[PDB]
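Each chain, written out:
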Amino acid sequence: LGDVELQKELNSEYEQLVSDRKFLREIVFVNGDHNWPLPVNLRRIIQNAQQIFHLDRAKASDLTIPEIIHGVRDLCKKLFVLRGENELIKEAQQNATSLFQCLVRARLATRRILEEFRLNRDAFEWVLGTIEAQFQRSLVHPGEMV
Amino acid sequence: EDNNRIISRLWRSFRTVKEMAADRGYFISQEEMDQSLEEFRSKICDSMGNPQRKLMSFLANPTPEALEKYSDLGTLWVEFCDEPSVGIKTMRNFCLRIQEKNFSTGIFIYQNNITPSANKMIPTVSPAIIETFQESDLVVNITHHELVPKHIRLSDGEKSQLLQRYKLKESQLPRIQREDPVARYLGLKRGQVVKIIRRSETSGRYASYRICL
Amino acid sequence: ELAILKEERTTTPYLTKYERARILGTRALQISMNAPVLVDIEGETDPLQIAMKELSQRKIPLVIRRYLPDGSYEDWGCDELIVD
Amino acid sequence: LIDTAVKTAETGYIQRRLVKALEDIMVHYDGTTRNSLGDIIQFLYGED
Amino acid sequence: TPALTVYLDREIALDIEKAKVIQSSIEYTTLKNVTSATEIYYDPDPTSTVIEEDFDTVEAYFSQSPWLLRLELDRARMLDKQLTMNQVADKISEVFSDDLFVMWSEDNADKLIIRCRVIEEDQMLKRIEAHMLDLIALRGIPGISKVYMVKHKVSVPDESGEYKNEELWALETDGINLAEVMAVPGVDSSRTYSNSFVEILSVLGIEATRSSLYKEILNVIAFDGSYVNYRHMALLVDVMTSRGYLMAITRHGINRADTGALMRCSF
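Residue numbers (PDB author numbering), protein chains in the order written: chain Z, 921 to 1066; chain A, 2 to 214; chain G, 71 to 154; chain P, 825 to 872; chain B, 1115 to 1177, 1190 to 1245, 1258 to 1405.
Hints in this document: simulated from the structure, not taken from any laboratory. Don't take every hint at face value.
Cut-off 20 Å, straight-line C-alpha distance, at most; resulting in silico cross-link-like pairs (EDC-like, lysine to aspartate or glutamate) [claimed, not checked]:
#, chain 1, residue 1, chain 2, residue 2
1, B, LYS1289, B, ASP1326
2, A, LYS196, Z, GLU1011
3, A, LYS168, G, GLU112
4, Z, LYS942, B, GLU1300
5, A, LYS151, B, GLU1300
6, A, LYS196, B, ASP1376
7, B, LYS1132, A, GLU2
8, B, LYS1217, A, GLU171
9, B, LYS1353, A, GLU147
10, B, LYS1291, Z, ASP953
11, A, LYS168, Z, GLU1005
12, P, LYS844, Z, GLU1011
13, A, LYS170, P, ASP854
14, A, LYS190, A, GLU171
15, A, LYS170, G, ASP140
16, A, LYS168, G, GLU77
Not the full set, but computed from the structure, chain G residues with beta-carbon under 10 Å of chain Z [said to hold, decoys possible]:
#, residue
17, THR80
18, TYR84
19, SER126
20, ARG136
21, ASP154
Even for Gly, the Cβ is constructed at its ideal location relative to N, Cα and C.
Same shape as in the complex, but just chain Z:
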C-alpha cells in the first residue's frame, strides 16, 4: 500500500487492457461476440496447474507483483510465428498474434492470477513455459496441402 512506483506498472497494465477492449469492440468484433476459435486453451492449462501443485489453500502466495507484470509482457515477445530480424517481419509477427496476445492478457491479469487462480512461484513459471511450448506446436506445418 502506498507504493507509487509499483502503481506505475499497474496503471500501465490497466491502460494496456483499455486499449485492447477499445480496439476489439470498435474495430474487430462490432457485434459483441466474445466467443471465438483461438489457439491453445488457457482455461484448461490453468486448472491443470491447480492440480499438479495442489493449488487449493488460503496459504498466502509468495508470488510478487513485478514478476507477474514483467513475466506476461515478456511472454508476448516469444510467440514466434516468423523468425528473422527484418523490420517487416517483426511487424508481421506482431500482427499475426495480435488477437491471441489480447486473450492471454485478459486471463493473466494481476487480480485474477492472485485472487482467482491463486498461482505460486513454481506454478506460474510452469504456466508461461507451457503456453510458449503449445503455441509453437499449434503452427501449421510447411508442406501442408491446404
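Fit chains A, G, P and B to the known structure of chain Z by using the hints.
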C-alpha cells in the same frame, strides 16, 4: 425544389474530390475541407440558382510529409466541365490549359458521358496524366464504406524492401485492375503497390499487399 | 550461391510432421539394406523400431535440404532440429 | 428418393471443380500460401 | 434472387414515419403501374367533347388532331402510392414538351381521367400509347420493383457499456442498383449491401468483394446449422479474387491461368 437536389449532389461530389486530394497527399486547407453547404450555395449559384462549374476549379500542392514520402508528386488541377457531353472541342482546350500552366495531373469531372472518340484523346497528352470521373460516381465517397479497408500506396523504397523480404518477382503479387474504383480514386499507375490493412476475425489485424496492373 | 549461411537461417527450428515421416522411412530403408546402425539394438529388431530409437536419441546422420519458393535452400541437420 | 438420387450428382460435380481449382496450393517455408506458379494467394495462411 | 440490404441513418431508423418517406422515394413506379385503362376517341371539336361523362370537367376547365388519347388512373393505387394528378402530369411535360396537351380531372371526380391530344395517324397513336406505357417514369430508382420494411435487431453498447439489443428499421429490395440507391438522401451510404457481388466489384472494388463473397458463402453453409472453420472459406475467396477480377470455378476461369498444359488439360 428539384434545383436543390442538383446543388446538393454537386456539393457532395465536391467534398469527395477534396477527400480524394487529401488522401493522395496534397495539401487542402482545414477551412475548405469543412465548408458547409450553405456557404457553398452562396458562392457558386447565380441569382437564378444555377451553378457555375468554372468557379469550382482549384489547385493544390503536396504536404511536406507526402513530398518526403513520394518525390514524384507535383501539382494537381481539378476541373468540373460545364459541357454535359464532352466532345472533341472541349478536350482540346482542356489539354492545352494543362500544358500551358504545366500541371502535373488533371482530374476531369464530366456530367453525362464521354464519347469513345474523345476517350482516345486521353493518353496522347503524356507525361501529364489525365483522369476522368462521372459526376454520379462521386456522390458517395466509397472509401467510407464498411467493406472497403484503408488503402495506402507504398513508396518505391518500401516496395523494393518488400520484394526482397519475400524474394518475389513483381508478377507474383495479387493484382488490382486499373479501372477498379479504389485504384482510380488513388490515381494508381502500373507498377505501384497498395498496402491494405484489414480486419480479421482470427488474428485481429492483417496486412494484405496488392500491385496495380 | 543458392545456399544460405548457417547464421542467417530463417525457417522453423522444429521438425515438421512431414520431415519426421520422411526421415524415419528413409533411415528405416537404409537399415534394412544393412547400413551401419548408430545405436545399441536390444530386443526391438524391426527396421522401423530401430530408426525410431535413433531419432529419440538425436543420432540420425541426415540433413534436410528445405527448399524455399525461389529455389534457394537452408540445410538443417536432423541432429540440430528440435523434435517434440 | 428422386431428390437424393438427382442432387447427389449436382454436388459431386461441385466437388470435382473445387478440387481442380485448389489442388496445387501449398504452404511454403516462409509462411506464404502459394500455387505452383509461385503466385501469392495469402501472405500468411489463414491470417494466423 | 437479386436483393439489396439498405440500412438507414440512425435518426431516421428509429422513426417509422420518416422511413416510409424513404420507402416511397426509392420504389420504382411507372405510368403503367398506376394506369387502369386507355381509350382512343374521335373528338373533332377541340373546344368540346362528345363524351357526356367529361362534359362538366372539360367545359369548366377551359374557361390539332381530332384523335383523342384518354387514359384513366386507378384511384386506389394512386392514393396508396401518394401521387397527385399534378406531379404525374409534370413528369409527362418534361418528356413530351409541346407534342401533347395534358388535361386532368379533379380528385373529387367519380373517375380520375387524363386527356391527351397531339398538336396517316391511326396507328401512330397505338405506337405512341405503347411508347407511353413502356417509358414514362413517375419517380423512384430504376430496377427497384419492391421495397420491404424490415426490422433489424442490432446489438449496440449502452451508455453504461453493457451490450443491449436495439430494434432499428431497415429496407430490403427486389432487384439491384447499388450505385443509385447509395446516393439517395436518408440512406446510410456507408453501409448499404447487395447480394450480387458482381455489382459490388463494379461499385466498391476488389477488397469489398472479398468480404461480400465470404458473407454470401458463409450464410449458405451456416444455414443448416453446419459450421466450417474460417480459414477454408477464406482460402477459397482469395483464389477467386487474386487476379483482381472474379475468376469463376468453370473452364472459362480455371484454364485461363499460366499453369502447365498437362495440368490444365486434365480438367
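Violated hints - listed by number, lowest first: Of the numbered hints, 3, 5, 8, 12, 19 do not hold.
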